[PDB]
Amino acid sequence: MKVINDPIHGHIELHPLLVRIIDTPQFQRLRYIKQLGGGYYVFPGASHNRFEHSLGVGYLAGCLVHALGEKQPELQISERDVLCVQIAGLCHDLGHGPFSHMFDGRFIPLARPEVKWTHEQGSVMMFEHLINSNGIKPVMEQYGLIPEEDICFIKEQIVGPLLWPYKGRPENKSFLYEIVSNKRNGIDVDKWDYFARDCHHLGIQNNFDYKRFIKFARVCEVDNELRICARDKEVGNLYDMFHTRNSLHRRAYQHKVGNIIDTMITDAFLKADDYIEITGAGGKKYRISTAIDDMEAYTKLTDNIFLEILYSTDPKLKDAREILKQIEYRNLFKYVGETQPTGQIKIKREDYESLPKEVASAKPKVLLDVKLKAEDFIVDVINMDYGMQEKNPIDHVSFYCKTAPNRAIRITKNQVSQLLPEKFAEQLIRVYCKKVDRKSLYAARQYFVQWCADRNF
């Protein structure tokens, strides 16, 4: 057994199978993908990658399954179950692209709007390619795993079911599907891991305490299926969890300067495409947008490409190059304004492309010498929620009492406190102007105020 030293956790022990899986090009590719993407250009201490995040998530999944097993010997938890859960926690982010959430957040929807792609599909495909190429099946068989069923069990833990829709484990082990990714209420070890790590690196103090949560967790057989349950004295702690998630999102992840830097990087990638060449299986050639359909080509697509565009000399990639150079001089797109949040005038994705035009067509009352077209405006729509899209995540949790540990109850928002939030979803709209001269900024402000007053925000 190896021993690795994590600054966040203590010393992590690794099963030999995990060491075998980690020493592959597919997993080692994560050393060159940043956790927070463009936010590194606002918080200089955020230089961590996904390698340590995956290590920590696997460690925490193993710890949680062990703690659950050693308190209730009637659940019949074996070592192969722990190994499968740890492997699933280890290989849950294999499909991330350059700059992490930017790519599948901004680049793929724009370059190829006819495909529905998420990084979990990429993670599953990467896992399959890794297992097939590196020949891990005999090693798995050596350590007491059954590839035929355990591979599907691991796959379903990452994406979901691909009555009882799962095929990896029976209903008796239903509580094993709510550890790495919870589809019901969103309480899992991923949140704990990146809360701790991001708070450590960014320079902000963390508020949640997951060890206390592990101390009070149980399996209380909710609605004909075994599920993980909490004590009824920890509702406020879960509300605090979600509050700190929201605070992190509004302080760091949705910083407007970081968002505009990400937008500029996406523009550079869009302009530089059709000229970058990537080699895949069979000697075929791919692009940045089309590399997601070949994993041998996807394996060679990391944050390196950024610099490949900055240091290039080809006159064909000149335009994109210029944009990146601006990022190195801090000649960024300027910020004009935003609109107050609203929970009932939602804007769908399909309308995003039409937003800039609406701002360009607004006619301010006072005549202005400067005239701005529809290509001088960037409109960004931000969605803030608790993860359930206007629903209350805490209303899908099951609680038990000290007197009757094996009986599940439900707690309503009115039985906790009157100081809890009245809503659980909102949006924001931000406007940026590409032109940097003062007159253009004044004009953009006039158009923005006219457009906002017209639509009554």
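Residue numbers count along the first chain shown, from 1. Just so we're on the same page, rigid core means the largest C-alpha set that superposes within 1.5 Å between forms. What changes on going to the form deposited in another entry:
Core-based superposition between the two forms leaves all of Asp188, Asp303, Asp150, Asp232 but one with CA shifts under 2 Å; the exception is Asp232. Superposition on the rigid core between the two forms places the CA atom of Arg197 less than 2 Å from its counterpart. Once the rigid core is overlaid between the two forms, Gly258 does not reach a Cα shift of 2 Å, moving by less than that. The rigid-core alignment places the CA of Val379 2 Å or more apart between the two forms.
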Second form
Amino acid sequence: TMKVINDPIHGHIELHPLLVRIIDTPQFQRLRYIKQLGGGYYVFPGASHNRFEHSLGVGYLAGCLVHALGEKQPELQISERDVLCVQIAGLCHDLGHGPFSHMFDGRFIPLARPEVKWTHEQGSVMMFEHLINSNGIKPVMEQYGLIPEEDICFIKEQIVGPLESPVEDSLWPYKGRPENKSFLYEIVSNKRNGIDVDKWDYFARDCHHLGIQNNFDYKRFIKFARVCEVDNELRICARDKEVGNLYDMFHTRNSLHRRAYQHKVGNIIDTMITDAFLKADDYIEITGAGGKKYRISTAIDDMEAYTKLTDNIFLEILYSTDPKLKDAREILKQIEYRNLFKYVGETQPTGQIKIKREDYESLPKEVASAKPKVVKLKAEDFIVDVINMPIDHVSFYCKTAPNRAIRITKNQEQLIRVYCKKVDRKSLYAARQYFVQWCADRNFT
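Next, report the structure of the form deposited in another entry; the form deposited in one PDB entry has already been given.
Single chain only below; no partners, no other molecules.
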């Protein structure tokens, strides 16, 4: 058979029934109610896109890029099973994300359970394993040509990376897929070369749903790629006559990152929503496997509970009558009545990074908030927003050149902000005083 899904950004995205069966399942539709770009919802009016369009675009792009590379280089005779595994990994382009999208593994789960080491690529891999084990797809994976012993290892390594921690520079620590298909591990999720379909898809989707000028045209980049050996190792490389397209892509990436993903009021609302969701973690719970009340913070330990972790929790604070949920609803109401936290002051740290994960960030900030730097009163619960998170690409090899044409490498960490809302004018003066104190205190920022 053959299914096809219409998406506005990548047009017609064609899928095969294994990919659909993984896709059209309860543990992916949860994404339909978690916005990919969360904190702009009350800042950028049009940025209401959900994870569905982002995942669809990533799947379409990965399929096109792996189908072009193999018709324009039919010397290795790759197998459909590998592409299916890569597509499964790609459909986890943002899968692990929970409420408020990237916040869940960005600023929610690490902030609430500081001792827990969890990342959303590993979470996506585990959720995919749960989907396989619950939805009964493995027998039909072996029926329709996939071997879990090697295909599952390949897909898991594509999704997460090096599963183990072997320390050997002159070795390939990836036994999931044989090196005769090494280039296949730079198509769906690559963090070193930077040629990944995810960035393309989410740049195009964010531009389409925000009305910003996106010039990049991935069709030419996909259509002009071949596998070439660079330095005793094989990498997928594009042609010389595309460097302007990738410059446009990089400028689109930077424009999207600096307009939205670090917006002032966007980050302020992100911080307020994240704090309100976090502070109610234990007493507004969902039930997982075995009926255990494994709360939102602890829901990372089980996938059955982790399924029901969506943006609804936000609303579940806004429309709740319980006395314990009072504070959350109150704060949300102050968000609705335009009593937002107005923000003033910014810095960037140069002294390596913080010691703790996020706990000590607030306490030192509150401490340094007060100082005798020449209004009245004083406070301690004032916010501290810490955001942590020229194409440097050498995959320009030419197909005609067997192992050359690198074009001489194409020729050539945290932002902290404050917010004071004591009074109409008193808050501005207090914010200036605190900005002075914190600046003189933030490790000589």
